[PDB]
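Here is how the chains run, residue by residue.
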Amino acid sequence: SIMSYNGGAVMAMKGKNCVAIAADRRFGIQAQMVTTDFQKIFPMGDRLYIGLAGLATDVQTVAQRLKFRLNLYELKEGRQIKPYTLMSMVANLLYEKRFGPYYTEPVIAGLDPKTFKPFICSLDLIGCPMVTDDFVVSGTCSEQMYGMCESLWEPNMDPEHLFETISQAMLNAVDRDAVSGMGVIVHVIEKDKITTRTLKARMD
Amino acid sequence: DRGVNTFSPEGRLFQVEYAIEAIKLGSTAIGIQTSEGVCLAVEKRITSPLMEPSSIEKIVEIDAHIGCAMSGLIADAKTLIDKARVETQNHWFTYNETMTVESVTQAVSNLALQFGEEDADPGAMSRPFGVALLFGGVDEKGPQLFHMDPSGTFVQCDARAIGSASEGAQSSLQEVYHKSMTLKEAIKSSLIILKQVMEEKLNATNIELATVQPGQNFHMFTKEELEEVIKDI
Amino acid sequence: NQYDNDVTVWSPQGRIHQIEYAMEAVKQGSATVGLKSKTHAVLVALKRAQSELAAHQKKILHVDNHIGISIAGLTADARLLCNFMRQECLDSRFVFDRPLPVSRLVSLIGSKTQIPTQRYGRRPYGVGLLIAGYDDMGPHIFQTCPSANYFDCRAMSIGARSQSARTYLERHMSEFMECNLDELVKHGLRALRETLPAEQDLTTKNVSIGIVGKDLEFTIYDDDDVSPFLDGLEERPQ
Amino acid sequence: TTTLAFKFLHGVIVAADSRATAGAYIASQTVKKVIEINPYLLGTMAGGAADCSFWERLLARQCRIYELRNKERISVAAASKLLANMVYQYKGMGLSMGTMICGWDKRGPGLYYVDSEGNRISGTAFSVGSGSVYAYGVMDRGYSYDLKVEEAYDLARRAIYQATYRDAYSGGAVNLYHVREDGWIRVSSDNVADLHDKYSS
Amino acid sequence: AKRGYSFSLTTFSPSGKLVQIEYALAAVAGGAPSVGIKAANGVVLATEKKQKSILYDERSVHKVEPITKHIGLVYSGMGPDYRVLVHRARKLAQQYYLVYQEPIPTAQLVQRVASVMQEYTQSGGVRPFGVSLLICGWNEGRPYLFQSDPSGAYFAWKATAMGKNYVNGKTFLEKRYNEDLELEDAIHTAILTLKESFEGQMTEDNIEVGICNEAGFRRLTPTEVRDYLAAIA
Amino acid sequence: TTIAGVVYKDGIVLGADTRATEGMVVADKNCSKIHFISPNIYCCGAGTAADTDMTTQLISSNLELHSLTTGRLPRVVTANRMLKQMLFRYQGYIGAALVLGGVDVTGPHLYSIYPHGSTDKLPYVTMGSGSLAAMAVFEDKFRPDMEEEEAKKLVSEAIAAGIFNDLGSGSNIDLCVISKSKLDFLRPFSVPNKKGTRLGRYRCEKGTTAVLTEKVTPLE
Amino acid sequence: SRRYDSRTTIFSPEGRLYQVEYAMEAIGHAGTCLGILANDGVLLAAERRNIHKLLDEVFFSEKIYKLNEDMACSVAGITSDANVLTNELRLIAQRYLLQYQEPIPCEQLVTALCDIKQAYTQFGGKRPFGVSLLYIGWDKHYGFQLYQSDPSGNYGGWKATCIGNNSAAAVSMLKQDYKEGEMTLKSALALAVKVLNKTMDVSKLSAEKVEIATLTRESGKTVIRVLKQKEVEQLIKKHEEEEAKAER
Amino acid sequence: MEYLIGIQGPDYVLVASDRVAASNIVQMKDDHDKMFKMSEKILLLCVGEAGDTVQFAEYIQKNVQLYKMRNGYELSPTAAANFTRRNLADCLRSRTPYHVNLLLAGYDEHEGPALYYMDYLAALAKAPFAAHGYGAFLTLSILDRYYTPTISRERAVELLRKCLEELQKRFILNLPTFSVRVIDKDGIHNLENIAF
Amino acid sequence: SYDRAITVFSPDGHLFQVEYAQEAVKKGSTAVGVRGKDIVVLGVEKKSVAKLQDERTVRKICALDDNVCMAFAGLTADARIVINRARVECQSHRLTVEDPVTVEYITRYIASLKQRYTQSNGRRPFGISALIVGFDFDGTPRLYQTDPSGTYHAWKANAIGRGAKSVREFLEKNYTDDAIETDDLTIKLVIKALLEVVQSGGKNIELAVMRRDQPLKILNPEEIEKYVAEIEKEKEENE
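Protein chains in written order, with this note's numbering: chain A, 1 to 204; chain B, 1 to 233; chain C, 1 to 238; chain D, 1 to 201; chain E, 1 to 233; chain F, 1 to 220; chain G, 1 to 248; chain H, 1 to 196; chain I, 1 to 239.
Hints may contain errors.
As a list, the in silico EDC-like pairs of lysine to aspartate or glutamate whose alpha-carbon atoms are at most 16 Å apart [unchecked claim]:
no.	chain 1	residue 1	chain 2	residue 2
1	F	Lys-215	A	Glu-190
2	H	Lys-185	H	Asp-90
3	H	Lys-68	I	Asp-66
It is worth saying that the hints were derived from the structure and are not from the lab.
Working from the sequences, and respecting the hints, build out all of it.
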């Protein structure tokens, strides 16, 4: 499998007035682990984040080319990007390479500027957006992440309760996956603050 | 204002006729064909004594058997000589032999009227080459000398002079040249005609001389080797 | 004065000056005579020299085994048109394995020379050619001009002072058809002699002859090869 | 096919066989495998016969234009790089070559190993071909930097000979070339059958 | 067969002015009067639509043209040149919607349309547009009004006039314009400032008016025009 | 995926499910499969999900450009020809199976468009993974010139048949009713399936996760 | 075809370019635009020409454009041709950020656009861009910087410069009050108002007619802001009372 | 087969590579250098295909030197690592891809010592220690055991020696000589070759 | 694409477009360069810096390679294009040929580039002259100069720009083996040549030196004033 070459897992979750995004930190080729500190979640505008899982090259390439189109959008228009606008921007970027796509599944998590509304979505390799009110997952252990999120998630959750939910949903799903692990980083996005935590995880 | 490919009421292109007028401003060059070989002589025309005399090379080799003297716009000539050097190596690669002097001159003559505005490539020429060339070399038919002009009309010559004082030098070559002369006489004669038409006196660092012969390859006369023929003033 | 800059510009009289200006280029070049019999087609051309110390210009070019030309006007336009004529003859022999008829080739010249006379920035071919060829129909003498219009002729002469040669060929036109190879060449150079002034005449250094027909392929005669044709002349009339 | 080249105190030795095979059948045993690029540069034929002949002749063409433009002789490092760049454009297409470019340079004796794959490495001794493995053995045992001119000939001539004895694709005649400062010279064109009597007696 | 010019027709004068644009601004000045007014509640665009011969079908061709569900256009000057700018504006609005899945902002459309108008002042073998554009729109809870001139520049307006007697219109508008006007009151002043230079009594066939608000852009029916037209609503 | 369309006396009823799967795992429980083309024509989608969205949006963009130039309501045949000529040009590489249906000035027109470019004009069509189950309902209970509420019942039963029998389809039933004067877009028409609410709460207590490093960044 | 050609990319008998020098005349008719360099920051001050009672005012600025996170520019000349050049500057800055993952140095972005403007003066047969630009920014190599661009495609680094209408009189006025090495942003703004007040056509000077933007590095990141209407009026009255204090 | 290893210190970068250029079953070259001088403080360790190694490493090398001449200042180790990644990533889906696994080592005037790991697919990753080849499978475990963030350069070479001795003991391929170079504040320094 | 012919021949047999570019180089600042025994030094004068301008950005001396550097005169916008195209060729030569670029080769490239712009359709000739300075691999000092036409010549001492004829005539009677013997005395010859035309020498002169093994060294105004003071002291000695 092309997606299972580098591994990785990205998760996003909805709360009351807050959005949380979590991803593993392992960078490795097939079986051999290479780097403990690998970035997969990228900032897009103070209160909007994107998590990319799949091929390590395409994770970095899409993030760089999306930032290329993001800054031009924020200079042409005197406003910060909307979550729905970025979703369509990623969908357009991936579909341009229809018959030769980037092997990565983007997950966007963040709050809507000026309207303070939560937003989560995940996309295909060719760019197919889907919006949910609960959770979106992407990676090698997709099935493992679905089993945890379907049992732990609750409708209205505060920032502290949402953090405990997304952390346990990642850790246990990651520990059943061989190609994912070596620490989990969580970004809790609020209207006032961004809380970044690196969780104590298994290093095997 | 008119186009580059415009005919005159007389029956010739303006850009070609103006290119011939450009040669009459350049330095004079004399080439003489002899049974023992072909010699080429040219004035370097040094403007300032600070300039290096070895830098000015109006006689250049195409192959080991062909040399050429140039006059007029020196910048345009270096493009034509470079094309001639490639064509000889392209022929060597394909046929495993050396080209005749007539064949090389004909190859350069193909690039004569390759200029225009409409219906042309983005990297095409706009104006003709304002250069008169004297191709002198030895092949299978013996030592040969050819003259080329902006129009592309190439012809064989026994003795030809082109440059500023070309008309005066041509009449002087008609009175000296004969069929049974030697190469040493051809070198001697060319220097006498050259010193008459030059503005400054003849000197070893002032002029350039080269000979092509059936015996050995194209040779450029060094400062010391010139002294043997310069001493006969 | 205001219409004589481009080929695309028409004169109020109904003329193109640039094509007429290109016709003057053929008159600037030296004279050449082309004539045919019933079995042979002969081209006799006069050579010019820039100086007595320089050799004489090539006036007859080789195109194919059965087709040969004599040029008058611009030298670079002559060789460019000759390369097209050489290629078209090679293309027909490559595909059909047969010699391309002269009537077909001359029509191809009248198609290629027409294009630049109608487009902006482009110029007409400032060269006149006398084409000699032999095929299934016999010997042929064709005349192509700066204008795409071509002529099928019994005998023709074009170039500088070619009027004297044009008048001689008209008075002896009925003799050419039953004329043999040897005498038919003598008729060609005799017309070429009339173009020259009273003092100077034909020599081995300024005369080229191209002969093609049933007996032999197209061959160009130069200096010592032209001497059997010159020896046994009628001499210049006063 | 066995081609070897090594550099020492006095210059560079070029040695090659002459056997060309079309499967099991031998096509020719008089193949000039030492390709004469210039009066100052030499090449070797290994792998593809036409692939070595065409591209090194294109190099021979390119090196002559360099001398006409720059008024100087082309360096061995530049000649090796030019050939490496041209063949690299056709990588993974079907070209097969294993040439060695030898010559005297401004820096001294030069030796380079150029492949159809795109390899370009400078070294003291190389051996290319099907019987190159046997050529490496005998060559390394009797090699020295302070070898005499006559002693350098005996090493390479026998090194090809020992390779032809084991390799089925190697044979014909042992061609030898010496590369000096003024230019290379043709040394010997001894037959394998004639050399068999020399080492036995 | 055709070629195509590659050289610019609009060039800098010795004074330092682009002559072709200066005359393009004179083409719109001699055109039909057109006005646009922003009123916080919505935008109103009105233009003179004189058919003259009565044989003309009024409802066949419209001067007020919609670009999307919330953006419209009004012009002054040449009809044919405006129609190309409508199609281009309609196409650019759709290209934005395919990428971002969001209706195009008014200011963002004008910037893209003005770039096309700039292109024709610098591209080879083309003249500038003889049309000044009035762009209205509703986005982000705010109404917008913009002007795009032949040069390619764009200005944001509260109230502006075009066509013949535009200087008389602009002076009339600044006296008549108020902050926090009502949309229905904005139509009144728009149809009145157009009557300043009209001469031949207004009928519902003589002028065309389009409104833009929170519901979107739409052209007003002749029945709605007739109600506003009889001096009072 | 189960999508269907029917033609009744007044107009057209279109049906679709809400299950979107990645392989053999449900990715989206609530997914819109009835797509907007024009204020009078709607189109159901099947096959490749990304191919269905981008092809629909491009035709909807072209028809909005078309309707504004003409100044009148677009036709179903115009929507059909645009989808027909594009999918044929790509030789079936764009995996988009579309059930097209709308009301024109001519009347109601229904089309079934295949990824290769073949189109069929029928009173009732079914496409997708559970099309076999949906067609069987039509081939048993369909009758010409039926009432609006009767036609809505016919399609809802067809989509439900694909939901319970086919593993590719599930969850909610979406309906789109288009007539000569009325357009009803019923998003959640019927919800036959729901989650059995969790009686055992697995809510993680505050401070059950071990944290190594913490960083707080203030915002405006 | 050649009859209608105006020959834009051609030389003059004197040894100069006509279409460039004619474009240079267009800048001298446009609004006055100046920028000076200080120790703690760098700023741009421009004369707004779009002054009307019925002007809507939607955008943050009229002539000040943002190109990068660390860089900003101003425009003098044709506003139509300016929108093309400023958009191109944003593209080049993002191409560098994609390739090297670092903000583009100030000198490198200016040279990039100057190569394009030089290309239009040499080939293409098209009219050159009649826009002169002033650049302000910060990089890790030199720090705070100020640049000036010409329609010919020529650039230069300045400590204090002006371009537009009355540029010759303004540059000599800047040459008088500027103290090299000891200039702060507080005195920089006071100097900018001093020059604009005397060189402008209409006297008195209002904040609605002028536009000032500042660039200062704060807490490890560059801050680019356009000054408020109330902030400019405060700077004018500080200068207005200073000029009245001269009569003593 | 080729082998690479890089160790980063507090103010230095230590890098080593084998000097073996092998074909089929024979060792052609005994002293092959796999380090490319990018700048005064940047080195490139290129390993992979036969032709892709020399062609790619030199292309980036001359482009970095082009930046130096055009601006006056040199590229930072971070900017050079992102530049060499961009060229490999853009060529990945093209007709001619470069199959090369490289390692970039550099010292910055402001940020300090830096080491970069990069896959043939073009995946850049910052690491305190990294290794390429089949020999990496035997050496990375030793690098996980004895490595400290505050390691001295005399201890780093001793740590490097422990890894190279493992290649003489367990690794099936013969790798006798290794090129050792250190990059610090003064630049690139050549160190004695560890031979067996 | 623009296909119009810009540079064309004239009734008198002259290329005006080339000659007008030669008028553009005359209007440019004065640039002189002399060839010494061990060091080669070039210098520019009459920069017309308003003191309020940064002197780093407006430098006419640019290094093409580690061994090659150049100084120009005329249209400064046209020069930067040529300099950048020359810098790419320096790295392109290194990719094709393992050996570095020689002084003559890079001059040959610039001259051919200027020649192609005088004969191609839709292109305008460069209005610049370049003083190419450097050392060969042998260690022999070299000095070359180009012009809008496309001709290049080697010099011992040459000046280009405004008042170039006045500086050349000064160097025709001063360039001797005694004057170019030491490193310090070669630099003094440059400054003496520039002060002949330039207005009050001091802050107007910008020169750069380069050694046989060491890279280009741009001397600061504090070092120039040291040499200028030494020139006036030797000028004072006689009278």
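Original post:
F:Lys-215 and A:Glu-190: Cα distance at most 16 Å?
Top reply: holds (14 Å)
Original post:
Taken at face value, is the distance from the CA of H:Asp-90 to the CA of H:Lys-185 at most 16 Å?
Top reply: Violated, at roughly 33 Å.
Original post:
Between H:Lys-68 and I:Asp-66, is the straight-line Cα distance small enough, at 16 Å or below?
Top reply: With a Cα-Cα distance of about 10 Å, the restraint between H:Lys-68 and I:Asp-66 holds, given a limit of 16 Å.
Checked against the numbered hints given earlier, this structure breaks only hint 2.
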